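Here we start with a single chain on its own, the form solved without the partner chain, put down as structure tokens.
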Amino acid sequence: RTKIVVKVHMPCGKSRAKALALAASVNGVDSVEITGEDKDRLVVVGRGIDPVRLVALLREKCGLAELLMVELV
């Protein structure tokens, strides 16, 4: 049970929706959340998530994706 936090470039609601769906596609993701005062962080929660593959996918499709944190939960 890991929780992964990702800064993603998603300036409008259409990109927040694309990023949410894109993270969800990745093996082990149970939930994805939008957080931060600037609506620019994904909190990805699941089991067995490959966080390098997760950030690479969001980076490829959103331009910017920074892995801020991985944590057990």
Second form
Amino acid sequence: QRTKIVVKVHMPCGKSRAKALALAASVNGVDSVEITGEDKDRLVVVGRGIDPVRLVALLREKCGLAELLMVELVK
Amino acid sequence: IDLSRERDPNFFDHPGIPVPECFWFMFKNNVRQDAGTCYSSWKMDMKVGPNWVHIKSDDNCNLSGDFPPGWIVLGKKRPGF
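Next up, the form solved in complex with the partner chain, please; the one we just looked at was the form solved without the partner chain.
Everything in the complex follows now, all chains and molecules, and the chain you saw is the first one.
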């Protein structure tokens, strides 16, 4: 039930950027968090058990903007 | 659109998990919007313009899904895959 989730998160700084990481990585079931993207505005979250609606909603309130980009169950 | 011409996405393959076989590329009116990796012979959900779209991959990374007008997501197998 491992899945990869990519979220677009408002994080201009490196410091709201570390805010987002540690927050995504505090979520139950997460295995890794990486930031990617030409604009480094993507959180990649991997784990099993994760509610994507909960991931985004949390990042939303705590960073202001978050939209789901992709959810891919690990083959 | 020419996938053989497109630069590789920004990817990081996590050491524990199986290495996805495909690059996908997402275009709005033939302009590259995003790119990434996904599994072949599989399935993902993706934000494509305004819509959350369910996408199937076949074993040669052909992506199929019901994309909104002006948008498309295209695949190919990564090098050596």
